[PDB]
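Number of protein chains: 2
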Amino acid sequence: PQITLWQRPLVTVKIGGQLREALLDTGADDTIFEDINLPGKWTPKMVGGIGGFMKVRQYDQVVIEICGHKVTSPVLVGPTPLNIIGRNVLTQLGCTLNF
Amino acid sequence: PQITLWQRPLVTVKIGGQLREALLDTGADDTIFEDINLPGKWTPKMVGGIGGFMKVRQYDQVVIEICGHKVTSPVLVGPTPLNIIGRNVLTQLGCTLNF
Ligand SMILES: CC(C)CN(C[C@@H](O)[C@H](Cc1ccccc1)NC(=O)O[C@H]1CO[C@H]2OCC[C@H]21)S(=O)(=O)c1ccc(N)cc1
Ligand SMILES: [Cl-]
Ligand SMILES: [Cl-]
Numbered sequence: 001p002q003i004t005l006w007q008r009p010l011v012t013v014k015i016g017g018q019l020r021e022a023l024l025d026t027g028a029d030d031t032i033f034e035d036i037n038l039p040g041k042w043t044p045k046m047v048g049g050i051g052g053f054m055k056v057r058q059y060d061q062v063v064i065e066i067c068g069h070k071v072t073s074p075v076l077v078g079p080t081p082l083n084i085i086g087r088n089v090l091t092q093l094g095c096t097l098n099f
Numbered sequence: 001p002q003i004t005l006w007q008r009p010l011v012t013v014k015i016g017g018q019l020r021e022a023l024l025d026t027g028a029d030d031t032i033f034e035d036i037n038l039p040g041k042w043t044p045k046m047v048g049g050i051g052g053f054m055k056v057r058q059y060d061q062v063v064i065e066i067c068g069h070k071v072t073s074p075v076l077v078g079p080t081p082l083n084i085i086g087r088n089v090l091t092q093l094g095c096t097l098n099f
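Protein chains in written order, with the authors' numbering: chain A, 1 to 99; chain B, 1 to 99.
Just chain A, same shape as in the assembly:
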């Protein structure tokens, strides 16, 4: 799969049984979702961004079905404007930037 960038690189994901859309985001260290409810215990973290910070929940060892790949990662949950797939998951898909 080669994906150009004339449009936002959005992919469909299955995460914790739910169907979501998310953004392939090389500028994100960590994968974060807004519109989901994950099972289990969590750890309080924070994420900093272009315009400020926000409290999040880190859920460890979460199954994500993305492109043809099935992967586990810690997932942050909080009020991001869009679901984002970050370098912790991108690296596991063997994702690379080419030019």
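Derived by calculation from the structure, the hints in this document are not laboratory data.
Please note: incorrect hints may appear among the correct ones.
Simulated DEER-style distance windows between Cβ atoms [what the hints assert, rightly or not]: (1) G94(B) to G52(A): 32 to 38 Å; (2) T43(B) to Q18(A): 36 to 42 Å; (3) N37(B) to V71(A): 17 to 23 Å; (4) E65(B) to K70(A): 38 to 44 Å; (5) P81(B) to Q7(A): 22 to 28 Å; (6) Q18(A) to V63(B): 41 to 47 Å; (7) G94(B) to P39(A): 39 to 45 Å; (8) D29(B) to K45(A): 33 to 39 Å; (9) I36(B) to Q18(A): 38 to 44 Å.
Sample of chain A residues with no beta-carbon within 12 Å of chain B, all distances over it, derived [as the list claims (entries may be wrong)]: (10) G16; (11) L19; (12) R20; (13) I36; (14) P39; (15) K41; (16) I50; (17) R57; (18) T72; (19) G78.
Beta carbons: idealized from backbone N, C-alpha and C, even for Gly.
Use these hints to put chain B with the ligands onto chain A, whose structure you have.
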């Protein structure tokens, strides 16, 4: 050039005669710098991010030297935490996401 994602995809760039480090950011629609001053008139714009919004200046037709390439693009200047290269400049590099 093929770049993995185990570390932040940071690149050196010459922009408006100044040397900067910036992030290849497929999750960013637009290109934005924090630690520069560009010449000329500008248009007030805003950007929204993970944690909120901020006011920025859009400078049109700015020359950026990024890896081997020399391109023009509108550039946003404002209080971002890092410099980011977004899809408006990535497309001009013929940059793709591969896996
Ligand atoms: C969140 C996206 C929808 C958009 N963001 C681009 C994104 O890549 C930022 C880019 C970014 C990077 C560092 C600091 C601020 C913004 N990364 C980010 O928020 O990542 C957070 C999640 O993991 C951590 O990794 C880096 C910060 C954490 S954004 O910075 O807010 C943004 C929004 C609009 C434009 N034009 C350009 C950038
Ligand atoms: Cl994991
Ligand atoms: Cl231009």
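Hints, verified against the model:
The hinted range of 32 to 38 Å is satisfied by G94(B) and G52(A), whose Cβ atoms lie roughly 34 Å apart. Distance hint for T43(B) and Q18(A): a CB-CB separation of about 40 Å, consistent with the stated range 36 to 42 Å. Between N37(B) and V71(A) the CB atoms are about 43 Å apart, so this pair departs from the stated range of 17 to 23 Å. Restraint check, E65(B) to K70(A): a C-beta distance of roughly 41 Å satisfies the suggested window 38 to 44 Å.
Evaluation of the 22 to 28 Å hint for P81(B) and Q7(A) yields a pass: the beta carbon distance comes to about 26 Å. Hint check: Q18(A) to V63(B), Cβ distance near 45 Å, so the stated range 41 to 47 Å holds. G94(B) and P39(A) have their C-beta atoms about 42 Å apart, which keeps the hinted 39 to 45 Å range intact. Range check, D29(B) to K45(A): Cβ separation about 26 Å, and the 33 to 39 Å hint is violated.
A hinted range of 38 to 44 Å for the beta carbons of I36(B) and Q18(A) is consistent with their spacing of about 42 Å. A cut-off of 12 Å between C-beta atoms confirms that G16(A) is not in contact with chain B; the least separation is 21 Å. Once the 12 Å rule is applied to beta carbons, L19(A) is consistent with being away from chain B; the minimum gap is 21 Å. Listed as a non-interface residue, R20(A) keeps its Cβ farther than 12 Å from every Cβ of chain B; the least gap is roughly 16 Å.
In this structure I36(A) is separated from chain B by more than 12 Å, as the shortest Cβ-Cβ distance comes to about 16 Å. At roughly 24 Å from the closest C-beta of chain B, the C-beta of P39(A) stays outside 12 Å, upholding its exclusion from the interface. Here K41(A) stays apart from chain B, with its beta-carbon at least about 24 Å from theirs, past the 12 Å limit. Residue-level check failed: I50(A) sits 3 Å from the nearest beta carbon of chain B, not beyond 12 Å.
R57(A), annotated as away from the interface, keeps every beta carbon of chain B farther than 12 Å; the closest lies near 15 Å. For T72(A), the requirement that its beta carbon stay farther than 12 Å from each beta carbon of chain B is met, with the minimum near 17 Å. Listed as a non-interface residue, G78(A) fails to keep its Cβ farther than 12 Å from every Cβ of chain B; the least gap is roughly 9 Å.
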